[PDB]
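Peer 1: The residues making up each chain are set out below.
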Amino acid sequence: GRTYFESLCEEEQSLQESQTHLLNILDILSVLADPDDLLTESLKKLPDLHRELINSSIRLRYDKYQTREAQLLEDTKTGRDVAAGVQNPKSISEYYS
Amino acid sequence: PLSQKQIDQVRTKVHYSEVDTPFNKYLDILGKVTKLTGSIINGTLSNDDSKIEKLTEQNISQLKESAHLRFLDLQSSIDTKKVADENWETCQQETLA
Amino acid sequence: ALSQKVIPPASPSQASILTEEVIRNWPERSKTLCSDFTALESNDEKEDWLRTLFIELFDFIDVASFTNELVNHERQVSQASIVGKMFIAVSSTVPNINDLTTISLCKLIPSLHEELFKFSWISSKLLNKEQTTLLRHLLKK
Amino acid sequence: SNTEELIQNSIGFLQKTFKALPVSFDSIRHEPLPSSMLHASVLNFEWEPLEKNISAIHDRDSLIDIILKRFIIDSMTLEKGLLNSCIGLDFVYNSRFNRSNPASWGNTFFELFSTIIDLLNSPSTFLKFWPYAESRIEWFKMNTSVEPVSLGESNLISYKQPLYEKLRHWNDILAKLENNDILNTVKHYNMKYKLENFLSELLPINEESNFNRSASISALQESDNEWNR
Amino acid sequence: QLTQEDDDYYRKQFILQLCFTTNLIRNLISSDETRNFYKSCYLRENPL
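Residue numbers (the deposited numbering), protein chains in the order written: chain A, 6 to 40, 44 to 105; chain B, 2 to 98; chain C, 12 to 72, 85 to 164; chain D, 2 to 78, 89 to 240; chain E, 385 to 432.
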């Protein structure tokens, strides 16, 4: 979470896990709501996925906050800061004069 | 009569407002599915009496389609913005050179 | 006949492993937790543990918890960033169960008071009609 | 799964169909693509897959929106990508009547526009692309109505659903371009001017956000940007 | 730039700047009606 770009990649990598958890839970719920001994296995496997989805979502929001912070920190660097490091001012001053 | 601390507080609130619709949509679907999951885990979930879900197996495919669409949308969104940032960085380096 | 809605599987309350034991022995346990938090390195890993603690905390719900959050935040001010405040700001909205108890608890704690203005739903705290009018104008401008 | 392969087939079919057309880039920069140049099959949303009719019935409009977005994105990442993007951006205008909710084209159209404004490499490309957006202004001014507006009347507001985020975003871009102030090539000033003029022409003169409320401008210095000082 | 006797446009810019600003200052001082508007504008963005 050093810069805008890395924070963005990390947010995406968390989104992926959240998505796969959601898809598994939707599949299990569609199986359970389908028109025994299968529904018991479904309702048994459910809570493990439940207390994984919450972790994924919490982490996702944390990264979203962090990347908003990083972007806003990046946007304050003005042009003079980036331009203070130029090597030879002499040629530049000659040019402008 | 408003003091200084209150003014600084409202200033920091305005300086951080963001409106990102795909993200809010994805998180909305996350909430709308985890509420139903937790309700079914409770066992007295509903018969669509309250406004938390509908167990009807005729809208489950709607939930899956919406999940896929919103996930893809948010994915494309963060992809676009990171590409735009890389492009701005490249152009700044070019003009500095 | 929509569903049996009969649930044979069940889970007992053996959770809160990191926030373990009785809340009894309160100050010794609280100082131990603060010391353990300050101990950890590799900030990332810290965040992980925090999640557990915080959700465990919201299992219970109070003023003692608010004082504990005060100690945690104040200990975190020594460093540059503020991770505890952001993680409370998310894990307050993320869980399934909630109420206005969160509004009151946030109204009580003054340390992360500005972090709450930053990210969460803080329309409540900034209640001075002058403040909200200034807010509408500053936003629209 | 089903939807992913559906989208892949659809994007392939779209790429082929749009590669078929002959319209050159400079021809479309100034003249709108007429409706005749496309078969009524491509319109009305009767396309190649047409197999998940019951499955894809759930959300129809959104599907076209996301597949068009992905098309624009993958083509943009030129004189060819710009051509495909412009053709898609005109297609979404021409296919309005067939949509389920005809008004919903507005928030769709603008949406795509924003995306492509983001993907342009450098202000050179932005100035090469702008004559398009200056050609089809009168399409922006109708937020939801499907019939053209009388020349000189706009129905856009600062806080309405279409502009609620777009004005915020374009003001962000303007602020960032203003913030450089040292490393600004003339291309940058030309770009900022084009943008401010576009936005100022969109909203009417009278809107609450089209005339400043008494802000006396600081940063008026005319120095040689900390060179030869 | 300013004292050349052959390029007079810079002096025209300076004179124009003075005239604009003095116009505003005079209206501010004398009118006592725009003063209320500018006071309101300064206040609303910053009550202090």
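Do not rely on the hints blindly, as some may be mistaken.
[Claimed, not checked] Computed cross-link-like contacts, DSSO-like style, restricted to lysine-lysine with a CA-CA straight-line distance of at most 27 Å:
{"no.": "1", "chain 1": "B", "residue 1": "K55", "chain 2": "B", "residue 2": "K33"}
{"no.": "2", "chain 1": "B", "residue 1": "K83", "chain 2": "D", "residue 2": "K53"}
{"no.": "3", "chain 1": "E", "residue 1": "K423", "chain 2": "C", "residue 2": "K164"}
{"no.": "4", "chain 1": "C", "residue 1": "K163", "chain 2": "A", "residue 2": "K85"}
{"no.": "5", "chain 1": "B", "residue 1": "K26", "chain 2": "B", "residue 2": "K82"}
{"no.": "6", "chain 1": "B", "residue 1": "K26", "chain 2": "B", "residue 2": "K6"}
[What the hints assert, rightly or not] Just a sample of chain A residues kept apart from chain D, beta carbon distances all over 12 Å, derived:
{"no.": "7", "residue": "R7"}
{"no.": "8", "residue": "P40"}
{"no.": "9", "residue": "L46"}
{"no.": "10", "residue": "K53"}
{"no.": "11", "residue": "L54"}
{"no.": "12", "residue": "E60"}
{"no.": "13", "residue": "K72"}
{"no.": "14", "residue": "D83"}
{"no.": "15", "residue": "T84"}
{"no.": "16", "residue": "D89"}
{"no.": "17", "residue": "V90"}
{"no.": "18", "residue": "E102"}
By construction, these hints were calculated from the structure, which means they are not laboratory data. Every residue, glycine too, gets a C-beta built ideally from N, C-alpha and C.
Peer 1: Can you name, in rising order, the numbers of the hints this structure does not satisfy?
Peer 2: 2, 6, 14, 15, 16, 17 and 18
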